[PDB]
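Asker: Turn these sequences into a full structure, and let the hints steer you where they fit.
Protein chains: 2
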Amino acid sequence: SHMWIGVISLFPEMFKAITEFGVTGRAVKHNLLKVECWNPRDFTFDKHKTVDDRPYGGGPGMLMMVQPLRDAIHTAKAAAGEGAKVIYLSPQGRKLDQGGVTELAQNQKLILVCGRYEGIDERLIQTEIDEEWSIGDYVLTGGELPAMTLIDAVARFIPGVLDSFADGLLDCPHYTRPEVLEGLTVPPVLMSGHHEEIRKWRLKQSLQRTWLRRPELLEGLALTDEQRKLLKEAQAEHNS
Amino acid sequence: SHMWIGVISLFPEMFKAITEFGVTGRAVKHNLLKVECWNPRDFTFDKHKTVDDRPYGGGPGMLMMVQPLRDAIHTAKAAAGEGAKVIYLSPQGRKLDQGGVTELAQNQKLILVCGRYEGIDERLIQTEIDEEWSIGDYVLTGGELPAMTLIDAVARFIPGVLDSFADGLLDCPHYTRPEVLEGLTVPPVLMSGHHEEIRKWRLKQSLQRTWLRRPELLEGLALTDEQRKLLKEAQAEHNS
Ligand SMILES: Nc1ncnc2c1ncn2[C@@H]1O[C@H](C[C@@H](N)CC[C@H](N)C(=O)O)[C@@H](O)[C@H]1O
Ligand SMILES: Nc1ncnc2c1ncn2[C@@H]1O[C@H](C[C@@H](N)CC[C@H](N)C(=O)O)[C@@H](O)[C@H]1O
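Protein chains in written order, with my numbering: chain U, 1 to 240; chain D, 1 to 240.
Calculated directly from the structure, the hints in this document are not laboratory data.
Honestly, I wouldn't trust all of these hints.
[Said to hold, decoys possible] Label pairs and their computed distance ranges (CB to CB):
| # | chain 1 | residue 1 | chain 2 | residue 2 | range |
| --- | --- | --- | --- | --- | --- |
| 1 | D | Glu182 | U | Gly58 | 20 to 26 Å |
| 2 | D | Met62 | U | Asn107 | 25 to 31 Å |
| 3 | D | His30 | U | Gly193 | 54 to 60 Å |
| 4 | D | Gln106 | U | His2 | 43 to 49 Å |
| 5 | D | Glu36 | U | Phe45 | 22 to 28 Å |
| 6 | D | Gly160 | U | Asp97 | 15 to 21 Å |
| 7 | D | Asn107 | U | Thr102 | 44 to 50 Å |
| 8 | U | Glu131 | D | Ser240 | 42 to 48 Å |
| 9 | U | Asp225 | D | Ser240 | 16 to 22 Å |
| 10 | D | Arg26 | U | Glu103 | 44 to 50 Å |
| 11 | D | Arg199 | U | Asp225 | 56 to 62 Å |
| 12 | D | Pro187 | U | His2 | 39 to 45 Å |
| 13 | D | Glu237 | U | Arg26 | 51 to 57 Å |
Ideal Cβ positions, reconstructed from N, Cα and C, are used throughout, including at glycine.
Answerer: What follows is the structure, encoded as structure tokens:
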């Protein structure tokens with residue numbers, strides 16, 4: 001299947017980072033993922049193509065100018081046609097996690113609005129935006145990196161395009177050549193050829209790492225009997 | 001002051017998204033921020049410049065090949081000289097938040113290692129990496145977008161380069177022209193010219209929004225007396 005993403009951005013060339021390189025670049029070249037961009041600057045009418053505006057109430061910073069941004073959004077909505085969810089990237093939005101990625105990946109079309117400066121007029125959020133999403137509790141200069149983050153995370157769910165959080169757990173450690181690196185050996189179980197011992201080792205590692213690093217993640221999980229056993233074993237070894 | 005960031009990446013051209021555009025692009029052009037990249041592919045010796053390798057233990061996926069990546073890291077460390085903290089971007093790392101951004105922005109030099117495929121050998125993390133950092137609880141195809149996210153967030157703290165989370169709170173809504181948009185008016189207080197009423201309105205909005213959207217964030221805060229009062233007022237209005 002295929003996903004279409006419309007993007008509204010003052011810096012559409014930023015999106016080459018995902019459309020020209022790696023797994024996502026190959027998805028775009030093979031038409032599994034389509035990304036189309038509209039730039040508010042192209043919707044300005046004044047001589048200097050002004051895309052910012054002063055905030056009412058004074059104070060510092062500038063906002064994106066309403067008219068060019070609104071017009072861009074309307075053009076993208078017309079292109080997307082029916083059924084396209086419009087998302088504004090913002091640190092005030094729903095914090096993205098793998099559950100949220102799986103929800104978003106159920107959409108065949110999304111339009112992603114990328115802010116710049118201090119953001120966008122609150123009434124455009126009310127009138128044009130369906131959902132606000134954050135990539136994390138930190139502030140960036142623009143919504144393009146968050147949009148690309150979202151695109152990359154969802155694109156991994158597109159069939160044909162290709163884990164931590166997959167089953168709620170951090171990933172296990174991985175090893176490749178050489179067998180010994182600075183005196184550190186690959187765990188012998190991984191060279192044993194024993195698929196079931198390997199499976200159990202990787203799962204116990206994931207449990208152990210999640211417990212030590214992110215114990216709060218473990219709370220939200222309903223572990224299988226095997227997972228409970230392997231976790232107890234890891235905790236007992238840690239104590240020992 | 002100035003920050004130097006060394007990056008290890010198979011796709012260094014991705015970083016044009018931050019070095020050529022917007023506030024971060026201007027920081028780079030003005031030498032406030034320097035980003036230097038090393039590509040493991042340039043450290044290969046075989047005819048086809050192989051940069052991946054098979055994981056011990058079978059199963060799917062590939063890892064970054066150890067030797068080219070190790071060699072790249074060593075070249076970057078030599079360039080950074082003394083005092084450079086080496087960070088691996090990974091969903092198994094410390095989850096980035098504004099507190100973590102402020103900590104990271106205290107470094108004059110960082111080297112950021114970007115994984116691809118299923119990641120990197122665990123022993124390289126032990127032998128070469130100082131800290132592991134995640135941008136969020138979701139899985140991406142590569143560490144370049146996370147690295148750029150980190151770079152952008154920290155660059156905002158570089159003097160001369162230029163909020164939500166700043167004082168622990170979500171940002172207030174902002175408004176710009178026109179005064180009426182699809183029947184929605186700018187709050188009159190913001191046109192009143194009264195700086196103190198405006199200050200209080202924006203703070204009460206931040207409190208209200210944080211309470212409604214992210215009540216867990218409010219718990220971690222020690223509110224001022226004024227903030228407690230404004231929050232109580234907002235809650236009373238919400239009830240009314
Ligand atoms: N964590 C984030 N998640 C999603 N988008 C973000 C994030 N941080 C910044 N942005 C984008 O960057 C744009 C410009 C920001 N400097 C505005 C920040 C705004 N003053 C705030 O603190 O909420 C915002 O309009 C968003 O589109
Ligand atoms: N949330 C994230 N934060 C930081 N780096 C990430 C994140 N997600 C993916 N990456 C980078 O993307 C690379 C390739 C990933 N597909 C590997 C994921 C690994 N299998 C895991 O689940 O932990 C990783 O080596 C990281 O460098």
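Asker: Would you mind marking each hint as holding or not holding in the structure?
Answerer: Do the hints match the structure? See the list:
| no. | hint | verdict |
| --- | --- | --- |
| 1 | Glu182(D) - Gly58(U): 20 to 26 Å | holds, 24 Å |
| 2 | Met62(D) - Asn107(U): 25 to 31 Å | holds, 30 Å |
| 3 | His30(D) - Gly193(U): 54 to 60 Å | holds, 57 Å |
| 4 | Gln106(D) - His2(U): 43 to 49 Å | holds, 45 Å |
| 5 | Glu36(D) - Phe45(U): 22 to 28 Å | violated, 41 Å |
| 6 | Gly160(D) - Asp97(U): 15 to 21 Å | violated, 35 Å |
| 7 | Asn107(D) - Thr102(U): 44 to 50 Å | violated, 35 Å |
| 8 | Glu131(U) - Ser240(D): 42 to 48 Å | violated, 28 Å |
| 9 | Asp225(U) - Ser240(D): 16 to 22 Å | violated, 51 Å |
| 10 | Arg26(D) - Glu103(U): 44 to 50 Å | violated, 36 Å |
| 11 | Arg199(D) - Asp225(U): 56 to 62 Å | holds, 57 Å |
| 12 | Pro187(D) - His2(U): 39 to 45 Å | holds, 43 Å |
| 13 | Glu237(D) - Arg26(U): 51 to 57 Å | holds, 52 Å |
Hint check: violations occur at hints 5, 6, 7, 8, 9 and 10; the rest are consistent with the structure.
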